[PDB]
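Shown here: the complex without one of its protein chains, the others still in place.
Chain lettering (A, B and C) follows the sequence in which the chains are written, and residue indices restart at 1 in each chain.
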Amino acid sequence: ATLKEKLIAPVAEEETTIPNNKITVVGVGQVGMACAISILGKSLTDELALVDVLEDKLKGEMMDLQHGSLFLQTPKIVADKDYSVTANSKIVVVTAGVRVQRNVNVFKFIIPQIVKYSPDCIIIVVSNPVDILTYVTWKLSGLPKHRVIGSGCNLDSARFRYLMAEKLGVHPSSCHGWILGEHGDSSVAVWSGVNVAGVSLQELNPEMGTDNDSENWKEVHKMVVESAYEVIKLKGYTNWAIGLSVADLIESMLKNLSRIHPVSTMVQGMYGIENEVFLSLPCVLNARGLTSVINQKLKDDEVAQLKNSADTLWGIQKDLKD
Amino acid sequence: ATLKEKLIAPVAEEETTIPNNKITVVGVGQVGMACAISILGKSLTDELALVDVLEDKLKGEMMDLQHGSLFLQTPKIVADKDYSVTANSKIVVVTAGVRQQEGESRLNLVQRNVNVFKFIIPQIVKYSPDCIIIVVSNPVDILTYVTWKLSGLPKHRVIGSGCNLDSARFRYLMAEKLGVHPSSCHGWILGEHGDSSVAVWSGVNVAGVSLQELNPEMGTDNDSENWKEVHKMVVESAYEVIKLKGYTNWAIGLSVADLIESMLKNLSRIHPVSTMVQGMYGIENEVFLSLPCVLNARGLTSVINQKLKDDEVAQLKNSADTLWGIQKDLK
Amino acid sequence: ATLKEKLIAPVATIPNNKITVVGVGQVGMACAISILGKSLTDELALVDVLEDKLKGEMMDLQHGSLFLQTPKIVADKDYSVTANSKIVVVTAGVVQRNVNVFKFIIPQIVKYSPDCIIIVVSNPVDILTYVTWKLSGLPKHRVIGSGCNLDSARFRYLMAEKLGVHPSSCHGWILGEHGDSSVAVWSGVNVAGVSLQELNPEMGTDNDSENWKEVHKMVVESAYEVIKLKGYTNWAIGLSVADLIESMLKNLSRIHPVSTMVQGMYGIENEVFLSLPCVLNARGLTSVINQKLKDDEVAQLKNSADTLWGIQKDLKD
Partner (left out) sequence: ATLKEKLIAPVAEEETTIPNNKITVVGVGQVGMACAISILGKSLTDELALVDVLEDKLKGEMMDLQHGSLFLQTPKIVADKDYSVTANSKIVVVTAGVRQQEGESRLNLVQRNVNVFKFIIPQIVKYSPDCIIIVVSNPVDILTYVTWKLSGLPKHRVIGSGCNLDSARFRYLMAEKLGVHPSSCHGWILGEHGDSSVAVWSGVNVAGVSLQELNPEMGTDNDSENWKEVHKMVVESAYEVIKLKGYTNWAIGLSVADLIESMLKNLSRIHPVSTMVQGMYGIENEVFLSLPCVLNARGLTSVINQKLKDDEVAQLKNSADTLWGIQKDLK
């Protein structure tokens, strides 16, 4: 006999069990590990799987997390370059790639392996350019559109609500405002929805968002766009904020909360867009994924920007093969 | 045609999805609502179902909880006397029945509460055949046996809250004695959740330091530390609280949430809960009492084999003999 | 030597975030359990005049200490047990009856915690918050009435039920007096910043297909309905008080619809307390959000302030 046999008397019979809320993180770079630690911190999964092509670094990150198991509530942390380790995931976060032509080749291999072992999963795409790669993930996986989610402008909106909170001196959760469309240079700041305690700030300042504004809100939007670039210049990358926002998305889905997030969904047929492109809009997230999108009253220039972004994205998307 | 339809544009096709971690609390008395509020506070369920025979109270308790949904993370709270509201529960907490009057043994509640369980235990597994049943109603050890006979479920899915509360009271009294946190005080109250509970002095330790080695008189009448009085306080704790406020509820609610956390998060933590202990320490009958057990998503998968001293084994069999007498005469 | 001296070798107790709950009825214990569940304090004190029930409640909470992160739970009818509290939650009571209760409780609170923040929960909460402010001598930023905080939570729940989303994703403010005369600020009701009144301009009027005036009446009637069904309400208010305490003890500056002294706002000339969007942090209630309310909403605020002052003007000492 062994010490396990002499100390522990089995009551329930032996079993190989399938986890209930397994999460897989593809890519253990700065972003992937930031997602992993935030996911573990919120006690969101009973099995965290890591996957990467760098076998040594992957094993090291896995061991480092396992050594903290005493302080967590995740009884199984696993990792391998073989995608069988991701089997039966509920949510798969894809952060792999360089930081379009190069990332599409990565996704052409990764996405089929994901749905081969987790056909019922939800896929959150984080790799840049995220709106284009969410389209690639949707096409390659064959999954319905409510199960392919691009992180999109969820982070851009968090940055905007932080800068707005700094102007007013209240908590970012008490400041409301949505950055929508394309994650990056061409995002759209819906000024009509910017409010505090239901007080529409554009009604107190109708020049909000224009070039003659005593409060300079166009500069705030510019700082949201330039935030990634400035932080990248200072520390080489960004990871902590995106990791926190991904865990926020996973919380809404795994707990089935039906909270509204500015994430990227397939917006063909909305606001006059005719191509299959992914853009960020207010979306309802729950245990089934992205089940609903909020219909908004967007001004002409806001719709014009969405149409322009959709044209720019599709112009890249149409030349991709297989 | 509806504000929902004007504002909410569908992306996924309309369906009805089963809950992932639904929990039912049967009986919304003092204990049932303390379990419910602790479960909700820890964000342990995506659907909470309540059942009671008092329709008006049951509805008001559902509504009160729903009014706090802004501060919670449970998107569905439902309640009805019909057990169809409990369908597809992962865990069913049973707190219905009568409680102790002032100075009344939990063993005096057997017959009244067995009759309650014969009505409700069949209706539970009818609508939740895949569920785990946590017995809270007293006497918990006997009612866990009764639940294990009436539902047909395997042993690993029928769990009595048992001495998880009793050990929590013991570790608190330990903690006050030594000046450290109760989580840093280790000790196990086992056997009956009642007057015949057994303090396992051989395992009472701080940071791996056996306190019985420091004081061999631990638990005897020639003890300068009077550890026997600490065990008496644990036994007397419920009677003292009932005399002061009429009942107990907050501590047991926290204890039940603690068990549910280990199972729904699949942690495999060890809790002293009441299980079928036949063939252990000389127990010859299907006696239910508390032993250190491993809880996870499957329920009660394992029991920890202990190396008890002779005085402790005798107290355990003495506790089991007390429990077997009432069990064997149950219709 | 003792076992504590044999086992514990010394190397080296003022609480950092002490909270007192006054009154251990249904509401007080609901506040206590929600405060403990969120690990908001290192020392919880309870005070009531029913000595035996107070002791039993204290012992019951202590027995669950293993599952909590609050190392000191104390209780006593004597207010010395409340010494040096950061926040005091007042839930005691059964107007004339409750004023005689507060004339006793409030001076004892400030005697033993002269720098505390007081949260008044007892009804009528707007009158009793004013009474607390006068008796305590505290600046108005340290006297907070729970006010319409719970009402706005009930409103957002009913919105969420109407739309199928989480209440935290529904936004709308119930302000003014906590009773039947609360104001629904329809112009702020929004989902994802989409103004629901601009989609339904008849929001709040009599001829409204979405019947928003009825949702406002359900907010008022729900308190009466729960009371008729289970005898009282407690779980929702306990969660809402714990949410307020979280904003202050974590210094978050989140906005809550709590009751503050609104003299000089919206034409109100008397010293009355009404619910407005207020910024709560470690200093207490440091700011109020300036809104541009409609005429009838301001008219209801001035009517409530008149009814409140009509009762307040005849209170002695």
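In the analysis below, a residue touches a chain if its C-beta (ideal position, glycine included) is under 8 Å from a C-beta of that chain, and two chains touch if they have at least 3 such contacts.
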item: Of A:11, A:23, A:25 or A:65, the one touching the omitted chain in the full complex; value: A:65
item: Contact with the hidden chain (one of A:13, A:56 or A:300); value: A:56
item: Contact set of chain B toward the excluded chain (per top definition); value: 179-181, 183-184, 186-188, 200, 202-210, 213-214, 262, 267-270, 292, 294, 302, 304-307
item: Touching residues (missing chain, whole complex) on chain A; value: 2-4, 6-8, 33-34, 37-38, 41-42, 56-57, 59-61, 63-72, 75, 155, 158-159, 161-162, 165, 167-173, 196, 199, 201, 204-205, 215, 227, 230-231, 233-236, 238-241, 243-245, 247-248
item: Positions on chain C contacted by the hidden chain, ascending; value: 6-12, 15-17, 39, 42, 69, 71, 139-141, 249-253, 260, 265, 278-279, 281-290
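Keep this in mind: only the chains that are shown with their structure count from here on.
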item: Centre-of-Cα separation between chain C and chain B, whole angstrom; value: 33
item: Whole-Å gap separating chain A and chain C, where each centre is the average of the chain's CA atoms; value: 36
item: Whole-Å separation of chain centres (CA-atom averages), chain A against chain B; value: 39
item: Touching two or more other chains - residue numbers and ranges from chain A; value: 257-258, 284, 292, 294-295
